[PDB]
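Taking the hints into account, I'd like the entire structure generated from these sequences.
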Amino acid sequence: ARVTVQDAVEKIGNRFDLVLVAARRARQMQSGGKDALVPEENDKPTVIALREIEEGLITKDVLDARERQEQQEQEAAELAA
Amino acid sequence: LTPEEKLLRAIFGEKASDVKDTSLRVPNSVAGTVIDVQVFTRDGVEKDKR
Amino acid sequence: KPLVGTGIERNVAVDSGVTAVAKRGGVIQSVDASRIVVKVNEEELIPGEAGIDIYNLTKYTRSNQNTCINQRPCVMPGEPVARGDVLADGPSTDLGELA
Amino acid sequence: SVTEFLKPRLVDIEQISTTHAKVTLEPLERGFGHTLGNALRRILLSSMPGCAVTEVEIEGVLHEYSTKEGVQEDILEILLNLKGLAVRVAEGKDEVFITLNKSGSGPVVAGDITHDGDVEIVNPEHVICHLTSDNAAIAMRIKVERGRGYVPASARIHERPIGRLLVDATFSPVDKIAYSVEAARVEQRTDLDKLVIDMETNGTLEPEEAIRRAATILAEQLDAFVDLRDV
Amino acid sequence: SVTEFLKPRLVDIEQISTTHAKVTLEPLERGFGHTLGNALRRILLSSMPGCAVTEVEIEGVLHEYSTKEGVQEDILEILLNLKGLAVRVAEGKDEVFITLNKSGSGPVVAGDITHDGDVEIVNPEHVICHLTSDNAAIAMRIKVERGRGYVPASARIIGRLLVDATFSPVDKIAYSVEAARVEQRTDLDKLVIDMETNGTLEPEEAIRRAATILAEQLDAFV
Amino acid sequence: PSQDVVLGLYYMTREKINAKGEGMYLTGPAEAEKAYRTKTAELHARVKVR
Amino acid sequence: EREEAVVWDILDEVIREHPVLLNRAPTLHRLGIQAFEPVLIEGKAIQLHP
Amino acid sequence: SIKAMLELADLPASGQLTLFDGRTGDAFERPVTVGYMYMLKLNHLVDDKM
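Chains as they are written, first to last, in the deposited numbering: chain X, 2 to 82; chain Y, 895 to 944; chain C, 697 to 795; chain P, 4 to 161, 166 to 238; chain F, 4 to 160, 169 to 233; chain B, 502 to 551; chain A, 402 to 451; chain E, 1193 to 1242.
Subject to a maximum C-alpha distance of 25 angstroms in a straight line, what follows is the list of computed SDA-like cross-link-like pairs (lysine to any residue):
{"#": "1", "chain 1": "F", "residue 1": "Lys201", "chain 2": "F", "residue 2": "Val188"}
{"#": "2", "chain 1": "F", "residue 1": "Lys86", "chain 2": "F", "residue 2": "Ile124"}
{"#": "3", "chain 1": "X", "residue 1": "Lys12", "chain 2": "A", "residue 2": "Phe437"}
{"#": "4", "chain 1": "F", "residue 1": "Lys10", "chain 2": "E", "residue 2": "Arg1215"}
{"#": "5", "chain 1": "F", "residue 1": "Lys86", "chain 2": "B", "residue 2": "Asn519"}
{"#": "6", "chain 1": "F", "residue 1": "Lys86", "chain 2": "P", "residue 2": "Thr6"}
{"#": "7", "chain 1": "P", "residue 1": "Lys183", "chain 2": "E", "residue 2": "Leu1203"}
{"#": "8", "chain 1": "B", "residue 1": "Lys540", "chain 2": "E", "residue 2": "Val1224"}
{"#": "9", "chain 1": "P", "residue 1": "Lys86", "chain 2": "P", "residue 2": "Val99"}
{"#": "10", "chain 1": "E", "residue 1": "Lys1241", "chain 2": "Y", "residue 2": "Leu918"}
{"#": "11", "chain 1": "F", "residue 1": "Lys25", "chain 2": "B", "residue 2": "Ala531"}
{"#": "12", "chain 1": "B", "residue 1": "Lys549", "chain 2": "B", "residue 2": "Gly509"}
{"#": "13", "chain 1": "C", "residue 1": "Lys719", "chain 2": "C", "residue 2": "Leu791"}
{"#": "14", "chain 1": "P", "residue 1": "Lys10", "chain 2": "F", "residue 2": "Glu94"}
{"#": "15", "chain 1": "E", "residue 1": "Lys1233", "chain 2": "A", "residue 2": "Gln448"}
{"#": "16", "chain 1": "F", "residue 1": "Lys201", "chain 2": "P", "residue 2": "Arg236"}
{"#": "17", "chain 1": "E", "residue 1": "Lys1241", "chain 2": "A", "residue 2": "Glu443"}
{"#": "18", "chain 1": "F", "residue 1": "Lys201", "chain 2": "A", "residue 2": "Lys445"}
{"#": "19", "chain 1": "F", "residue 1": "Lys201", "chain 2": "A", "residue 2": "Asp410"}
{"#": "20", "chain 1": "F", "residue 1": "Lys146", "chain 2": "P", "residue 2": "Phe8"}
{"#": "21", "chain 1": "P", "residue 1": "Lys201", "chain 2": "P", "residue 2": "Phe8"}
{"#": "22", "chain 1": "E", "residue 1": "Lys1241", "chain 2": "A", "residue 2": "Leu423"}
{"#": "23", "chain 1": "F", "residue 1": "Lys183", "chain 2": "P", "residue 2": "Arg236"}
{"#": "24", "chain 1": "B", "residue 1": "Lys549", "chain 2": "F", "residue 2": "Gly73"}
Treat the hints as calculated values from the structure; they're not laboratory data.
So this is what it looks like as structure tokens:
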């Protein structure tokens, strides 16, 4: 559980960009099979994403980087087929 | 009827839809005691036992 | 009843019509939760009349705002009553006073 | 000495009336009188058992919002009057049925209820209804249950035949509790203090026994602190 | 049954320090949280037995408002510092005298007090006063009794100055009553006690002793 | 805060002349609370607090 | 519809960290709509922080 | 007249009694105006508004 989204906005800088990044991370953890990088502690995906952003593990850079990584890996795998 | 409903009716032969239930029901979150019932019947219509 | 009032409650209760006010004086012959029968006095009889007054009370009747309209007797068998006396207290009435 | 306290004892019951009593606890040390008085007042006013009317069955009556011929009071008023019935049930029985049968003009009181000897009526002069006719007759079956606290009719878990009227039950017999802590003359000391508890009840529950149940509840809940550990 | 009451099932003891604890009991019957919390607070603050400093003799000081050369703190501040002196007295003794003699410059602490072996000072690092001049010396004769609760100097009203007696080891107790639910019964009560002691006893032990005192006070009726 | 909170903070932070516990020396807020709960000193007593 | 206890536990798990929006008419400024964490209470009235 | 009525009923002329907190048993620091007021139940029920 968490309240007072301060640390997250300090790490990000803009509340709207933080909201977008946390939404992407929560969608990855909920709809997709991605696992949390922090102990869940019986928390919803939005709270887990916010905690990850506060810890500095998740930023826009990381998300875009690993998304491009997955596209590259999938392209290489389809080439392998 | 949709094909799945047709298959359900074929599996279990329950099919009684000649009339549709539109009955007077107590509104939700309302609990009380029936204290009076009034029946008004049009002239020329058979009166029920009540 | 209100402990602190203004004295107008009786006027409102009587003039609203919710209460059962005696048309003619006499002695209450019969009381029941839904009926009051009053034996009219000898001085207030129309010639060739029955000599009784019957007051049927309203019991648990829906109002315009889905409230309860109920008249409760406030007299006992044998109690003398005069004209204008309250026989049954209607909703929000206590012994002829607005409550 | 300092580490050993003086244990209070029960010394007097003054039964002013059948619904009013005074109980004296003595001796009590400094500050302990107020603590014990407040604890006993809170326990007595909230958590003490009793017997109350729960179900009523009147012949010829289908619901409370009706009238019976020859009875001045409506059925709702009769149920409200029955709510104030003080009934003492012998131990071992949590469910009793008592009947009230009457014919003829007059008030119907609690002393007219027929009970099988395991039920005692504390207030026989309590008025339930008035019969205003010589031909009027009333016949009611009243159910008395043992319980604790306030259990409304709605809160009771749910067949029920039409005619059985559910009555809100206030099982707590204690109505008013007032405690006064005054000086007590013991031996040669002037620090010991005395507690006087004034109990206004319905007469169902004895004063001394009520104090003992309150103390039992207090000690039983304190046992958790006496044996403090991670559970 | 009418004689069956809810007992605490979840008891959590969390220790911030050796003298600071938070005890949570849940669930409790409606209204019992306030009863238990208030009773325990009253017993812990005004009825727990303990040992504390009560009377102090200082050479050359007659009245509490007098001024002594060489001590930066005034006499009243010295008495206040002596109030916060956690002291354990061996059982069987109700009155013990200790002495403190120090000459020099610097802070004088509780570890410089010479006792008879029946007195244990829980906090030797507690400061009593400060010596300013190298020619300044302080001689103190402290009296420790065994008492109950918190008796001030005014309630007890040669050259003897009285110190407020904090006999009870409890320094702070605050109880918060919140809502707890079992099944669909949402009206139950949860009691959280935040407690700080002076180091003489652990908070759990003090709560246990207060509960024991209250339980033994009701023995004649249970 | 408004209404009851302001009234309570005002009442607790007021000063009274010749109140019970006046002139006492307290180690800190904890001892002030302890004195208040023990009926030794009033809320409005002038004291010296470390 | 039958209001079982496990349904209440499921509801408690659902609204654990789910924010809810509270709005009072008229909404003169943006402070008239705010987000809170719901706490289930027995009653029919919304409990609001003073 | 109100004061005379209060003196007849053996009550304080100021209409203020000394009340005790039921949760602690401690008397409130000031007398509280205690009396009887006529209160009404308006036709705005949370059952019909939830």
